[PDB]
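Below sits a lone chain in structure tokens, taken as the form deposited in one PDB entry.
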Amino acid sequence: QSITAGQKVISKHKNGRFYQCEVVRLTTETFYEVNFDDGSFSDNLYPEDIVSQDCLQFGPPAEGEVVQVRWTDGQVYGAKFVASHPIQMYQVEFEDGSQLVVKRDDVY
């Protein structure tokens, strides 16, 4: 079912619980897909996780470009850029004033 900006919905707060909130904007968020040097892949990188360049300012690396990626452990690993994945998402606001960007699957 279609979710629009201004709609009151239920979504996941930064504390991990579901609360009533308001959709404050529809937003396209870009995730990056890379191939690590061990042959493994990840398609959930933020553009800021590429530490060898400024992707927010200059855009994605070229397909096949060797990059340095800061992973979830704070460690930097070498990888090769594969693809950009722009996804329609929802920016929600809770009554404490906090805001998060959530996926369609986290909105009720």
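Only residues modelled in both forms are compared. Residue numbers count along the first chain shown, from 1. The term rigid core refers to the maximal set of C-alpha atoms that superpose within 1.5 Å between the two forms. What changes on going to the form deposited in another entry:
Treating the motion between the two forms as two rigid pieces, residue 80 shares its piece with residue 43.
When the larger part is held fixed by a C-alpha superposition, the smaller rigid part turns by 35° between the two forms. After superposition on the rigid core, stretches of three or more consecutive residues whose Cα atoms move by at least 2 Å between the two forms are found at 2-27, 88-108.
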The other form holds:
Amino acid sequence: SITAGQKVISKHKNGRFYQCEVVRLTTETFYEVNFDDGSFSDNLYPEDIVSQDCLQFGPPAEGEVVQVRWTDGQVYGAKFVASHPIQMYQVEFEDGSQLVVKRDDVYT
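Since the structure above is the form deposited in one PDB entry, I would like to see how the form deposited in another entry looks, so please show that one next.
This part shows the chain on its own.
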């Protein structure tokens, strides 16, 4: 795997692959939920949970019924599945532009 300062390959905003450098490692927590319509999201922010205060009191229990504010502003019902501590990599390209990406998007 990857440490900081390392030179890696990742996709640029322009769509092409370039060598870029790894400047920061962050561990970022994403929530996963199963919506009532049979769909799921595993990349929710904790504060997208509106039926409890997760920044302050942590994640709902696994399998708990929650209400989720989605990206159209509207609230949907769901069940909590998991919180994911995910390795993030802030990468810098030759032109000074930075992205924040996860492991499957960075290449050794």
